[PDB]
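Just the one chain here, the form deposited in one PDB entry, laid out as structure tokens.
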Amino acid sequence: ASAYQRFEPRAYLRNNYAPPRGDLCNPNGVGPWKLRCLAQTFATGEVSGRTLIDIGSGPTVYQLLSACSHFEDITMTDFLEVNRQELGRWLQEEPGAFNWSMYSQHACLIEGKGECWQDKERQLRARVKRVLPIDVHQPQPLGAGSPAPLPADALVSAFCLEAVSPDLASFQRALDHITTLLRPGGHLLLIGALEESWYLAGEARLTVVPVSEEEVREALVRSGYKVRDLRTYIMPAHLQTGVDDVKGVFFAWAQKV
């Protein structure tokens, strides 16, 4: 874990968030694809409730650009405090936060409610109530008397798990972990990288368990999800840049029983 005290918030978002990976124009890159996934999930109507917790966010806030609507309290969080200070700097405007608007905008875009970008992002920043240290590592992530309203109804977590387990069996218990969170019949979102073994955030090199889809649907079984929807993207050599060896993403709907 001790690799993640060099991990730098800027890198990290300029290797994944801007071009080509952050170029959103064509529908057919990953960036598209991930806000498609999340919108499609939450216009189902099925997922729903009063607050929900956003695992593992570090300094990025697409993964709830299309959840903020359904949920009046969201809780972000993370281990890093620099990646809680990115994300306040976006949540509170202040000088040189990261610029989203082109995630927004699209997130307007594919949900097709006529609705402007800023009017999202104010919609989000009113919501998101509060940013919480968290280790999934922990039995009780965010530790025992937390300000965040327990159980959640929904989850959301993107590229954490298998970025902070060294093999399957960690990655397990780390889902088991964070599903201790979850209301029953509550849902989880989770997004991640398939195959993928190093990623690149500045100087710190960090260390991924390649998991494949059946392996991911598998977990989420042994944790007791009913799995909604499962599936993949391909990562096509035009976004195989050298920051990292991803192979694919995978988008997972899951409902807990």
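Rigid core (definition): largest C-alpha set, two forms, superposition within 1.5 Å. Numbering follows the first chain given and starts at 1. What changes on going to the form deposited in another entry:
Core-superposed comparison between the two forms: among 38, 201, 47, 188, the single residue whose C-alpha moves by 2 Å or more is 201.
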Second form
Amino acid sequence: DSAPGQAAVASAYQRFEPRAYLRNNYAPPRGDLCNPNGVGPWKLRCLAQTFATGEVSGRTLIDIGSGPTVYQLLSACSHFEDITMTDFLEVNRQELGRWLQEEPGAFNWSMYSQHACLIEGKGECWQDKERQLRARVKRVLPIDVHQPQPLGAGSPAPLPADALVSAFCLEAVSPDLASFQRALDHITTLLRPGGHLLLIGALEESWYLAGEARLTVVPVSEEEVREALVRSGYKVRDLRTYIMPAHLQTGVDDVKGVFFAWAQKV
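Having seen the form deposited in one PDB entry, could you give me the form deposited in another entry?
Since only the chain itself is given, any partners or molecules it might have are not part of what comes next.
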């Protein structure tokens, strides 16, 4: 079973809104980094503090379902010299490309880049951060989390990878907890034993709007998320919860919170 639900999301995402998605989630005021209790700051804080331990370093990194965004690698690029970026839609790989080349009409991430520099407290100016990322991002490859080999056979990516990053993928492209738990299993086939996984997801989210489609996805929870990481060969080192305030409960989702997980593969 379970392949029908998956096919439902692949359909829902063919209506996907590359630049509309950014304007409505990462441009102000939904993305206001001035607010220190808010959600942009929190995600970036979790990423900066985790790499601050230095215990997550190496050679190769893979972003799992990057979408058309980068904030999730900002604090992370000073620590890996080979970044792999991935998404399922060509039109999202193409919007990232609009940003690696530095065109006008590419999304201005600079206000995230600065906040990350501020949190890391190393004196870095956001332009050198943005130059570092554009150096280390070596490839941008198609991804499907529901395959047994998510990039395909003989993929370009240097494998195994030393760590993994993923923001709002699995709980957002999986229709049932079984689909999730197996997708989490698929990407760990890419993480070398002893490497680290950094995850960010929605909590108790069952429906959201990708372009025009109203797709159906798993109401996942903090405790289910732990249980699923252990089930796949990790030990959970960190697991933090953000409670979604009233200021951003549009009517686009039933998202009640967001979680960050740091787990290491045994």
